[PDB]
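Single chain ahead, by itself, as structure tokens, in the form deposited in one PDB entry.
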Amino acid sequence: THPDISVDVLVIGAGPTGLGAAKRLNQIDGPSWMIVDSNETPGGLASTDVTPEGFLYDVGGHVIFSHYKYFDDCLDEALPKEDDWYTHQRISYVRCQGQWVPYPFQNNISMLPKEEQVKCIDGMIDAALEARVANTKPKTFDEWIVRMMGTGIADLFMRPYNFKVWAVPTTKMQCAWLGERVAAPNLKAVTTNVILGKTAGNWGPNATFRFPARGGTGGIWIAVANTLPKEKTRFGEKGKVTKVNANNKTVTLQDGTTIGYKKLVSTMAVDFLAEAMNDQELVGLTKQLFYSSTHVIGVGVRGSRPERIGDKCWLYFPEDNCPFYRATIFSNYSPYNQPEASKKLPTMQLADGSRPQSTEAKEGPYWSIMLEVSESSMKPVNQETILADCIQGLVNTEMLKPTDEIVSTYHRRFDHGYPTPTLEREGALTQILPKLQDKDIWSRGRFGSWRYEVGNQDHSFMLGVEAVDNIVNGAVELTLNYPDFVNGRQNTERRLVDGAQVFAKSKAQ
């Protein structure tokens, strides 16, 4: 008894990873393939939401910066017109003691009060002298910090902030992931800037970036999926996978439709995957992994963009006068993230939480803020108060004046938000992934392969591409196994049009 549908390569999930697989499969045009997703709209965590008032809110204000030329080719193909994109310079600060400290914090001590300046440069002189002599290697995130930064910067910013975002103490996670995330402060450069009162905030791959004019990031993946053959897609309740039988290589959908495959590329959360396989063993293994939930909070406000805010992009909040670890001036990314000035909206409340003087609709214009709050078994949150708490914090930090008029509110909780790089991670992955591989299953993605080091949109897209390239042309999966390798180079070899296609075209003629 055959299955209803049979293909060479089946792709579960239409996030950036699944779509990466589809794109290369479609470019190659060899093996038969199909892609499914439980949602009518492709995009996954990189999709966009909208309030009844007309305010767009991503899942933490995503920003596009690419390590791969192939990733660029697909974006250019889906959104080829100049006015589809905005190019921005990164403006980021850290809130510490009534001060905006330029990112990255550890490179701009010259912007702290004199007292803290002293405590930071002292712990940093200590660390520099020991690091001159050490020959072992840091084993925890906390160790890495102390050795690279000093106990001063650690107690002032690093320790408190990272718990506020990762939802676990720095002592409980590894330090092999931060190659391109955490800057390592140079003693000379930092004290030279303290003496001269200068800043240095060009560090990182974030320095410059771009953002889609309309639809947010979610609009990118809708455009990208539109380049695929409709008949090879299956999005919605009709494409929801509820069972995976690795032994006879068949998938069962929600409606009972069965699909047979030779190779499986699964981009759903690995822990859900194991559950869908009824594989008691893999379940016991996945439960050894750790993740944190993400609360996204959106606030629409009336008025021209205050100068107290200016051209700021995103901001970190280590202190405990607010529940969120970051805030984004979303309205700065594109004028289409919020209604036009001519649209009339009523005031729901003032920043201080009281009612408005007038229950009528008035003109704008408007600007928008979005916040993020982390949660775990080590850091619970109260959903029915988190929204109000976030607004209070906006006042306590002077983001909003108590009299500022709030026009729109937004709150959503994403269960799987961050793949936590705990100490136990690699212990579980080096078992889980190979075991799945032996069943011809390539589990890839942010929660497919569970590796933050390489868990951005471009990374995920390429995890899908390379998985397919591995199944078809026997390419090595560099992104999955060698983060530091891909992240440290310009990946310019693989293109949306390779020689294989050019030589096929010149043949057909």
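Positions refer to the first chain, counted from 1. What we label the rigid core is the largest C-alpha set whose atoms superpose within 1.5 Å from one form to the other. Compared with the form deposited in another entry:
With the core fitted between the two forms, just one of 285, 351, 276, 183 shows a Cα displacement of at least 2 Å, namely 183.
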Given for the second form:
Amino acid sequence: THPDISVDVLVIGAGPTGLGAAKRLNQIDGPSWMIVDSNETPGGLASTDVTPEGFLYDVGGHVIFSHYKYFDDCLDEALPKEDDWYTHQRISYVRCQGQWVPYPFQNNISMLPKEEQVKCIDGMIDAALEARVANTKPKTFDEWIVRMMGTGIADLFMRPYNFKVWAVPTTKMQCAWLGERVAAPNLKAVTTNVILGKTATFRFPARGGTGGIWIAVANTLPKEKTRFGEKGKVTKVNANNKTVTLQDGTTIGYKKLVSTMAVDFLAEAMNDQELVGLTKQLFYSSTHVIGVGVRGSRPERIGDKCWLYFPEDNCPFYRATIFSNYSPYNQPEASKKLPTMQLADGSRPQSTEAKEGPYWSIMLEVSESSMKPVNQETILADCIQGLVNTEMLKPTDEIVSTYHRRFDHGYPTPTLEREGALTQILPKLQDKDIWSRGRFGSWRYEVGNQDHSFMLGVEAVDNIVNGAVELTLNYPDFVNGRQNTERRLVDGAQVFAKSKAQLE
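Alternate state requested, the form deposited in another entry (shown: the form deposited in one PDB entry):
This part shows the chain on its own.
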């Protein structure tokens, strides 16, 4: 009994991780392979949605720093024109007590009341003294924060903010994921800034938002090796006889499997009780992505802002961005005409006539868990009110468009129990020739950015084919702390082979 299709390497999922595996498989051009996804549009959670009124919203952020030349090579290939990209300056602010405090927070306590500055400085002094004598390392995220910042800064920012982000207490999280850097505060730089009173770029696609990158990357692949859409939905994986079954009944035989779906779904699709049980020990939070389109020129108070962080309790979201700042093509042009749905204060607008722009746009994120639930019916309104309370929207601003989507698997949580589970789950799948990789494929946030995830797929294939170490998967500190320039979209294998076929 033979499957409808047979390939050496099967890739499940066409998010960044799956596309990475596909790109390196395509480059190597050795073993046979194919990639499937239930979504007709590749990009997974790094896709970009659009509102009926033409406002774009990324559902999974954007890369700010690439750690790898290989990732760069693929983006350059996908979007090879200078005008394909806008290049912006890396910046950030924290919203604290009516102030926009620049990153890094501790280096700008100067902008807080003098009383708060005292509590913060006393906190770092204590922490700096203890660190001088420390002979152990922190065991929880919380301990890490305190040793690093002092109780002062920890209570102002780190603690409350991180709870808003992870939907889980900082006491319930590990810290290893943060890196090897010794937990020791830079007291001198902090006080120096307090006394003096004083206080890097990234590219973003011009059109299509982040999702446009992955569409263009996928378009470089040989179309007949892709199966995207309902015809590409996987319904079961038979690990014992290495066969996958799709929704439409198609069967696929594989020798090695690279699975980028959530590892808990994989265990279900495998009907593996042991893996399902191990898999349930993992924790994750859901996230709500909220989009707000509004009429008007970009407000003075807002400027060239990007990520904004919100520790305080006058708004449910933990971060927001002025998405309209990243690219003029993220929202409709001025000439386009749209009706006002409501004002920022939640009341009916004066006129309901479709009017001109220009427009700007805000995007934000709310976290959710069994330890921090959210009312889905009221969350949109609360967020908008939150934009008011934080002085991002005037109560008079006119809202032209709203976007609200909830993602069940939003963040894989770095809980104290994560590694105990992963060190069992991953090797067990490995023994079955299954490479489970990705944000939820391998569940490691420290390597959960688009560039990391992409490379997790690239390296899994490199392990399958060339016996390479999976460095990003098992040594995040090693890859994050170096320049990764060795692996290129064009390696010696292809140069030599191409040159050979030329004089032959």
